[PDB]
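In structure tokens, one chain follows: the form deposited without the named molecule.
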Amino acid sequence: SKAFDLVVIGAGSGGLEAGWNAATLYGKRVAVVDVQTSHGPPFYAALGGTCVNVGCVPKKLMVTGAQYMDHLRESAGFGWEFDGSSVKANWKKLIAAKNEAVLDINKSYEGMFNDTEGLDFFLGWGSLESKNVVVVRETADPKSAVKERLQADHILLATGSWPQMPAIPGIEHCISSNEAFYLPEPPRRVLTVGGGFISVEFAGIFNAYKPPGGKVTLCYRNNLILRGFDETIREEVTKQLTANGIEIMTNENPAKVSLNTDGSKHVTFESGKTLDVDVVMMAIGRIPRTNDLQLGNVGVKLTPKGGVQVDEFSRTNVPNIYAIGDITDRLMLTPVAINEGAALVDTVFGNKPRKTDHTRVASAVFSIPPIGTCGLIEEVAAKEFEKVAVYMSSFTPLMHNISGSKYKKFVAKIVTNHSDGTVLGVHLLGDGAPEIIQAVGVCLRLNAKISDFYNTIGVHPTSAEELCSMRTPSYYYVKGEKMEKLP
């Protein structure tokens, strides 16, 4: 048995931040537990968390790889000549370079533990034995061989989320994003199930790397992909995915999946339609990872959705037990889990309580082309503010009339409280959107108004400068109703 000031269950974004800050800013004794030290099967997430191993970082590399499909084709407009028939996308080379890059980060975090005093790493499955004891076991079976027992005065739960699998017959024929990262070969025909950013991002990855005669289909059970994003943007990205050869099946949901004699999958939709594919990747949701923690042993309370319930400072119902990051089922983003972990350790080991602000958080979707957003979409703004204005600009950038990708419209929309000009949200679609939106998140912390954008001098020629050129609302919401003139 071993003592500590902080035991962190889960060496991911939120937990490495919390642990690192405690060991180094406040010189506490920290233990951190995870099930695996390097990425991949069988447990996928590992030292560094979801982001590093099966998340933001490898997805970004693979989206970057998929973008060359457009680049190679678009180069001809600017005079570039080569043998187009010689072009092939080697997925194994992609995956191998991606794995090497992720493994470098893994080795780097191992070195971080070996080099930082008062921060120890424990390999295996952690769970709550009592209010101040964490057990680590050989496997996730609450019953396997104990490896270590750790008493702790404070306990941080930061075990993240896991893909949700619907309970349809044949679900075990489907993969999740976890397995997608390791596919031996690029699927020829693939169905991504879901309308959110993971389904959209992988559909473009697979679309770029599919072999000759490939097809990517994305299905979603409701009418329009990317619920929660700007409505013009959802429509436009739908249109740009279609122009790049992806087939979008809206109002469709798998009812079952079966095995074909050749090893491919036979998907039957609730509507009766059928599709044969090599891979069915479910990306319908991620759920808080709470099962393995034996939370009953101490009474830590859950919300009706399955998140560990927390107050604004991340405290559970049981004193000295905390929860940050995806396990709380709030904003599922890496930097938000990091900010929670830092605010928590500031509150508990330093002294200036700090709470994470969950409004006006900027985020991105690495679709092709990508989306960058911060703050409210207009239909949510229309329910809290009596007068809302929407400034909108949309057009194909001149580089994309030369490249031949004419379908590539840039969209910039600014939503305001029309009573005092306060910017409430900014929504972007087009090359560079994720990069443009970062400093827009700072603007929103400063309560920028539309006149602060419009009075700023443009950087020319950029897409971003569009945000500084809008003076006149394209339309309004008054008391929740959409209209073109103010009444």
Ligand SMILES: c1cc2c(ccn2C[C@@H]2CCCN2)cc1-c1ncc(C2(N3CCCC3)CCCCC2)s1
Contents of the next structure:
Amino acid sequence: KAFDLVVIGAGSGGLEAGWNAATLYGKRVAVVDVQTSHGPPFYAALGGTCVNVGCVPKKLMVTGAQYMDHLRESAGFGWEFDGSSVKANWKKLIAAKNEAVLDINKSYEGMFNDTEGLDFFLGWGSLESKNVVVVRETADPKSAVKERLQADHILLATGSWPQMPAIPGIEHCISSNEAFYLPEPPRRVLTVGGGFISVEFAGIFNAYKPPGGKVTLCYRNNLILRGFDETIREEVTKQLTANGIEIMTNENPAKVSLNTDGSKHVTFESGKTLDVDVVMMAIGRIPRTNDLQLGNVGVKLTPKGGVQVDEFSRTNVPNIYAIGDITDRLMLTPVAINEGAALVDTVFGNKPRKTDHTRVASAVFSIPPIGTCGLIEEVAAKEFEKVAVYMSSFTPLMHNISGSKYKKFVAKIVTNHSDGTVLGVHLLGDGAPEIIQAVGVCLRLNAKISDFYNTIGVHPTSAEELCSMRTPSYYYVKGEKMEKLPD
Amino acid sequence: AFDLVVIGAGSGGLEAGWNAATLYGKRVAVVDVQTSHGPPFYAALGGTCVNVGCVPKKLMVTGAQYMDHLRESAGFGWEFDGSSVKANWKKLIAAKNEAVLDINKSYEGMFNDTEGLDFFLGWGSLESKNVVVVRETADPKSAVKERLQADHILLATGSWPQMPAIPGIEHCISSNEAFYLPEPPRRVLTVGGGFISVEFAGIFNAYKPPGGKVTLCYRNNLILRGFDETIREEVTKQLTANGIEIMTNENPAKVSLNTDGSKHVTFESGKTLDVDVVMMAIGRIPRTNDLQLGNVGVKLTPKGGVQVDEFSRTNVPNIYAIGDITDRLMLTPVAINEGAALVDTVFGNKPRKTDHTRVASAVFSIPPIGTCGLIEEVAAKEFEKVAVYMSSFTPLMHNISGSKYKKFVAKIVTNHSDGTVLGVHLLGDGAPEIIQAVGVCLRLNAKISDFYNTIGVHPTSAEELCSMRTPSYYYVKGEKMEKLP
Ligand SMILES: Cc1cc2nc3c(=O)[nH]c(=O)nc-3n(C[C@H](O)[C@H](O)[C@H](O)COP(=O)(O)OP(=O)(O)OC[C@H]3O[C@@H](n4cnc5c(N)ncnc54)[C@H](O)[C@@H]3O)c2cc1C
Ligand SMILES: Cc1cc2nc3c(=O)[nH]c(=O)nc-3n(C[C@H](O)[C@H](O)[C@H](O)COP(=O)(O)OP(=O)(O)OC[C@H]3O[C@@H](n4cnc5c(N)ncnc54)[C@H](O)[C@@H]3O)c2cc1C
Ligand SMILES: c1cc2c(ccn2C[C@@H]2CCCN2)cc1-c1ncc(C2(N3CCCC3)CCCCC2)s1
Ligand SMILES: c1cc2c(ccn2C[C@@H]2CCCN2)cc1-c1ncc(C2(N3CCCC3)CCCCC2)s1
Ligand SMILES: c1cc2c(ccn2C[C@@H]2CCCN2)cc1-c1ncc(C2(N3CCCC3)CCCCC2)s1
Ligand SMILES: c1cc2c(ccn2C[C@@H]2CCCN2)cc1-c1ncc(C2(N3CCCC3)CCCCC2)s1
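The block above covers the form deposited without the named molecule; next, return the form solved in complex with the named molecule.
The complete assembly is shown below, putting the previous chain first.
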């Protein structure tokens, strides 16, 4: 049992690395994971966090939640039906999501069965020595050895895990992992955190809650979605509120106790209280380092806690590499994929390649959604003497007719005003995740604002607003926001 | 005494007029036959796109998409009384009419509030090289209202539905009248394979009353000529899957009235069909007849467009033509771009010409199309080595929604000598929005490697464009083969 590559973690990065090494370069590859399909007790599984308890099921569930808006919005276009007959069956949503994820699990299991030199091992991987991965029955080092895999190269690709704050009654709370399997939709739920997971699940629960229900999102600071464009952070807050979600800023739970009926009594640091049926912690995700026994071989962590790597994903230990969320950088599936492919090209393909972590496009599947690529203006204004911001914002016509007039589309382009180079593009509104993909290609080509406004529009779309902005709306000069340039 | 007289207050004409008055302080007259949408002349102030084109058709396709949303919601756990469901066409048209009227009124205000920018109601024609006559009707013998003296004349009158010369053609409508049908037809035949026929087949399919049937006929073998061929076949299948009957290699030979007022269609093959509405959508032709072009000698192309050069100049010195009347790319953003460039050149001292290559466009079919640049059989004739990248897949949601037939198709066509992307063709939800920034990419001469070294946004349909690294097949000297020699 002597492999060219042993991958610990059969997820977005690990599977891309293993498949490429086996099929592009003829190498003998072992991949370790703890389950062959989604769900409790370990949640993630073959396919990784995105497939099993991440991007794939959450996108299905947001899609389900959007029908609340569609069914109401249809009336402005003449659709008539018994509005009081409308009900949402949560069990059906979960059951259908489970079937779709399981189809992917089954597909990947067929990939392993049929692909030469690509072998799957069920169990918990850890480092025994610099060239041996041990696979045990459980995450505990005292559990029994199942096999010892001799490895010329070892790839750490175990992902991240939900961070749970140490408050009394944390044990009465859940994370996103369990939210994917709730037996009933909560009539009242508190999602804790201001990041994409809290926001995305707020909108899911808001659509499936039974009558008399309320979704509350809380966030420790003043404005949700830190790191996103500030106009969009503010507009999403308004459009969430408009759809019935209570957003509770500058608040943070201090404890949770059980009510007589099994509901949860939340007390915030402020002294406020709230009764909910479910408390979902989504305050962050931390690199999954705890079970690998990295200290056995000396693999170093960063001051933040991710596995430390260079730009070629090398740890401090020769022939041990790390990619994806365990490196605690950009926690995105396509970045883990790109890193895995680059690693295998370099190590086995005599084709050195490194992942570019700038100008990466990403999305938030709030309702409506966010699509973004590159720098927000605050960040550009620190790196560039003259920054211009082009901004267009409006409720689309379709949504004046639908009756969802709160659904303002936002398009913003951030440039280095010295040569017009586009530094960032930020979008809020229907179709934004789809619009922004090719924008990432544009930024990788160093597009300037004039390449956008001299491209002929596609009409009628939201995307054509990106090609309709010729004149800055305002500027940052040496960090100072101002409407007109000096002089 | 006008710097510029514009005949046609549409997409191209209003952009030229506004820019000439507000950017360069010029004195501008703009003529159109109606101040607000609808019968009898359909187009009006704002043009075809505002009144009976892109804007109302997009609203109506959006309405039609609810038929799919209501049905697909069930797979995600939504229930409601299906027998209570009605698609109320009258409400749809009423909401659309008010949206269009709002824009009509906005442009009316533009004219009332902008100095140097003046509107004249009536029919414009060329009396002489420097005079536009405005009459009460399209009849050249109708009464004169105004005679506008013009340093420069802009022909921007658009295009008009083509109608075949068959007995009974008068009982057939065009897209113009479809926007104003008082009731949704139970049985409709749309005639033609182009985008308007396809888009309206989807609209009628959603709003038809019980017992209804939409039939689309096309005189040749495969609809949507000029679009990527993989997409033509697959959109045919997905229309069929949603209950539309596609009747290829058929063409109406005559139409008569049944005793209930419905239409009896006889095809050249001798087949017959009874329908409530026959909608002819076989083409749009440049709208030249009423302009009395023979007065001043403006030359036409063999196919009826006003001949222009790259700067939109006719053969008569201070007479120009933009938009659909030039019979090139009949798209609103192209007409807008031609108008703005023309004004920059004539009045701005910055010669600008419209680039008509690599223009992104869409079809709001259900499912929709997004396209930019060359299809592969055209590229194969201009380039010695062509690579075609192709991916088809089912979006995640349609493993749940009950609409398994909704395959997404992504195709990239390149010059295989240097990897330059010559065309991108998309079929599936999101495609019109995806393709806009693809147009920017092609203007930057993106190569295929620029797409596949860009990191995906996940999960989206658009990331498929960044996930194709190896040609599926090639054309070498115009010959299709799976592998290069
Ligand atoms: C709710 C949620 C939504 C998300 N939505 C998006 C989205 O829309 N878009 C996006 O790009 N990203 C999204 N992400 C992030 C994305 O899921 C991750 O960035 C991606 O999965 C990281 O891939 P990875 O290869 O680093 O590890 P993972 O994909 O997490 O795979 C790691 C694997 O390691 C296994 N494992 C762990 N410990 C061991 C061990 N000791 N031995 C063996 N196997 C082990 C786990 O079972 C798991 O299968 C989301 C994440 C979450 C939680
Ligand atoms: C059903 C349909 C759907 C369409 N959908 C799209 C789409 O989604 N996207 C897209 O980009 N394009 C679309 N188009 C095409 C778009 O409408 C045209 O390309 C665009 O309007 C052309 O602009 P123009 O300046 O050439 O003329 P138009 O906008 O057609 O304006 C011409 C104007 O001239 C007026 N007029 C005509 N003759 C005279 C005269 N003698 N005197 C005075 N006034 C006169 C007419 O009333 C009209 O208002 C669609 C067209 C149709 C018919
Ligand atoms: C599935 C199933 C597969 C095989 C091979 C055999 N069977 C089973 C067969 C299929 C038909 C009948 N039974 C391969 C697969 C793959 N799915 C995805 C794969 C990619 N990535 C690599 C890792 C996960 C992600 C690489 C290729 C591009 C897309 C992403 S490889
Ligand atoms: C299936 C499915 C695949 C992909 C890529 C994406 N999805 C989609 C699935 C859906 C969920 C997860 N991803 C690839 C496949 C393949 N099937 C067979 C393949 C091989 N040969 C190649 C020629 C025919 C035989 C390759 C060599 C080893 C096995 C045989 S590659
Ligand atoms: C288990 C196993 C599950 C699935 C779905 C699939 N598989 C098995 C998969 C597929 C084959 C092998 N792997 C879901 C579950 C659960 N859903 C809810 C669970 C409970 N709690 C609430 C959620 C967290 C824990 C409530 C219900 C009673 C038990 C505890 S356990
Ligand atoms: C409307 C209405 C307008 C005015 C001016 C006054 N009033 C009436 C007033 C305004 C406040 C209350 N009522 C202007 C307009 C215009 N609408 C669109 C115009 C643009 N394009 C040029 C024309 C064709 C389309 C101009 C360039 C930007 C893009 C759109 S100009």
